[PDB]
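Next up: just one chain, as structure tokens, the form deposited in one PDB entry.
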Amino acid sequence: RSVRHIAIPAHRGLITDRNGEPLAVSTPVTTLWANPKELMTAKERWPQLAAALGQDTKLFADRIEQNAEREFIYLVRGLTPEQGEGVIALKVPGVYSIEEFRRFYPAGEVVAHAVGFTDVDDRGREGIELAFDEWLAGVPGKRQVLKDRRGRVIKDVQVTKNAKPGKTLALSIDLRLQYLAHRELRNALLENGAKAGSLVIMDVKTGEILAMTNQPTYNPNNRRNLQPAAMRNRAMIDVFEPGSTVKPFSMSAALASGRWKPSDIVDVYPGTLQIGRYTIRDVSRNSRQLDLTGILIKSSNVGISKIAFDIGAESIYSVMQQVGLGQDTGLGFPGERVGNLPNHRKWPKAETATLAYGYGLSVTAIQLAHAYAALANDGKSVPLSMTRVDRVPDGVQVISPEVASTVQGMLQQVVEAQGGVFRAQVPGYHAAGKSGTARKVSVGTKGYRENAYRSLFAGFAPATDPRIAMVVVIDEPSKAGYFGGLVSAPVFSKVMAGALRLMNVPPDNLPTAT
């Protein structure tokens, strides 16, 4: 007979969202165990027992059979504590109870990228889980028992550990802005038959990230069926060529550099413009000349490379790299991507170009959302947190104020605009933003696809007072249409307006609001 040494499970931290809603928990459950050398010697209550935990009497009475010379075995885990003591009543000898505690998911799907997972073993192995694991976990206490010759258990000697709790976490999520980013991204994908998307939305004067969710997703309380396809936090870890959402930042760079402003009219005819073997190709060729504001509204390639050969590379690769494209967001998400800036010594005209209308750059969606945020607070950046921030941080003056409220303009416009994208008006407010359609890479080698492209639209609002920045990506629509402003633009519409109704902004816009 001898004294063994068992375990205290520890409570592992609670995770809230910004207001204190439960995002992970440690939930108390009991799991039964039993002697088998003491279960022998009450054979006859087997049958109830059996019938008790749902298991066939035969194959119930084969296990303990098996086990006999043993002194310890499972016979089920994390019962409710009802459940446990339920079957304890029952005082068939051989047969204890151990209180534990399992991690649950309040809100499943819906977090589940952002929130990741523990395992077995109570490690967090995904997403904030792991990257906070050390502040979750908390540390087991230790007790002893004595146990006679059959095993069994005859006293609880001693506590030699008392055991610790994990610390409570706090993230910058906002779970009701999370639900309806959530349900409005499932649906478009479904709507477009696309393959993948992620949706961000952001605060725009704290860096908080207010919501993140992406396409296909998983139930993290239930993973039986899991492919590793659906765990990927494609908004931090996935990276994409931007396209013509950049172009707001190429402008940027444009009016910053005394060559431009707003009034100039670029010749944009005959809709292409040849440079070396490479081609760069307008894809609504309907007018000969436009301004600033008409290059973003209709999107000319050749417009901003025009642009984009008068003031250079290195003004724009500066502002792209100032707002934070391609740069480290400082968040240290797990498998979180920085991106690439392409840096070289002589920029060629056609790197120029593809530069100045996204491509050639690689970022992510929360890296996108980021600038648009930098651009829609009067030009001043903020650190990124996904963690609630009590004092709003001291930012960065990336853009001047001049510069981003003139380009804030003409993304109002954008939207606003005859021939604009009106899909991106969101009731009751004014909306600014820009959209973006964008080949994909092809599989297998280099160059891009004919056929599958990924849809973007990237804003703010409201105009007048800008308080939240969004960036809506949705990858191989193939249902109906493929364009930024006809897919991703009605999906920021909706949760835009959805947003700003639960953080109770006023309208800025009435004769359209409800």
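What we label the rigid core is the largest C-alpha set whose atoms superpose within 1.5 Å from one form to the other. Numbering follows the first chain given and starts at 1. First, how it differs from the form deposited in another entry.
After superposition on the rigid core, the C-alpha displacement between the two forms reaches 2 Å or more for just one residue among 88, 350, 169, 196, namely 88.
Shown in the overlay between the two forms, fitted on the rigid core, is a CA shift at residue 152 of 2 Å or greater. In the core-superposed comparison between the two forms, residue 397 has its Cα shifted by less than 2 Å.
Once both forms are fitted on their core, the CA shift for residue 464 between the two forms remains under 2 Å.
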The other form holds:
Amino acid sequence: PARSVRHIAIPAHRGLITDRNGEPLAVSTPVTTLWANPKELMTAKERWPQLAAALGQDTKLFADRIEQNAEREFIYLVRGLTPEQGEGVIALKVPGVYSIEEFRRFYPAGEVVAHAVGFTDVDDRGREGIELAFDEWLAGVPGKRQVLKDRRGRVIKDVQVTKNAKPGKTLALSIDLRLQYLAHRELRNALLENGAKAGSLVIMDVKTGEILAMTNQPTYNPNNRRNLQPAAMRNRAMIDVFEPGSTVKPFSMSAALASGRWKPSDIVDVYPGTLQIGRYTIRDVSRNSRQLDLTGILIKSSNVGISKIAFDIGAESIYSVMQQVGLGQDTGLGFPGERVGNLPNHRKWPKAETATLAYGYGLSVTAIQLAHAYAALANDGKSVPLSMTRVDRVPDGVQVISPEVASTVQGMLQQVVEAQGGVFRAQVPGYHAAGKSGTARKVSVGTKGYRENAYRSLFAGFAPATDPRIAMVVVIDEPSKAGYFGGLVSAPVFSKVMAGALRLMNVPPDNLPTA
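Having gone through the form deposited in one PDB entry, I am curious about the other one (the form deposited in another entry); can you provide its structure?
FYI, this one's just the chain on its own, none of its partners or other molecules.
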């Protein structure tokens, strides 16, 4: 054809992502992509070697590429150069060489918030994290332009633009970059000090359902598009499931207190520190107890104690609490590839499965689910929907644990942290803090039993105890030093991060004299 009217795409500006206070976290940056029409290049061959050198290409390999693409009318030279580098090639004035203005993401906080903010692909589309989850909101709509193409791929004139490029929309996350940096720094330090393989830390606002911080190790710099390490790009807090172990005992206890059959001052006989159930043996770490009260069962973390309570009240009541607080349940966050985990269910619960459920084996949850469950407990038993975006109007929560039961369990968890023989490393000077340690043996990758030397160290809690504001989970995978108990490995991280986060949020210190 002598003339040919066709259409080309004009890239649109991707929406700005900020933290909850407007600090930029993902910013669309103008880049210059160079393309060429090989047929037009065929008329200026003496210019090719200088063009090749400017592109850092070998002269022969470049010439070979153009010659073998002589039939085509569109060939990429280089994508995503800075407009500074792009003009240096444009300045050669080579016939048939053209530029289009595209966009590439810059991430000002880099590795500090990489998992939460996420990453974009070669075409500026979200492929991880918020970038992926809110891709429709962020992407906008590209422009569509008219053209006039010949048999040589030549363009004549303009006088067009049928469709204008629509920019994407701004998005403010629930994340507070101040708390995010604190959490990042403390988790990294903990990983290194313990020679651990991986870790996750989530901070949630118990009143609004907002995720205030979400950090994992290992992490990566999303501005380095060359490294491409899949393991480091995993948002473990949302995609890696684990047995939460003794961190679910406060939920078993909630079921016990709701049953009508148990009060905190009631007693369980846990002597001699083991309990046989068919071919399975329930075992406590500390085996020098006889009568323990319900608070003591949580302080000492007696598997025997919680198991006997579970046999009394029935597994159904415990399953119900865990399901209602969201363990093994869809979070509704809508991140593709987010893992839901699994909460086992039965019509007739056998005794072994009843016991293991009560102390957190045989179910799999994510760190986000665990933090959300603790948020409901801290928020006087009311569960506010999870959000990764800033919440200005809070949706109504669902009452999942009665307020009196939740309050009672809160006081028990304060004792876990403060009482003699408790998790003293979770204490937060100036405040009352509450929570529960866990230590879980990892199930072998093959068939293959439980891995003898591989543990996960957990601490989950909230503060300030007298008026809860923040819930936090710290999960550290395979610590390598002498300590591996959650109370040794994860509790000090909870303490350090809570100390900073409460003060960054201007929460009044509550360890005061009696009124």
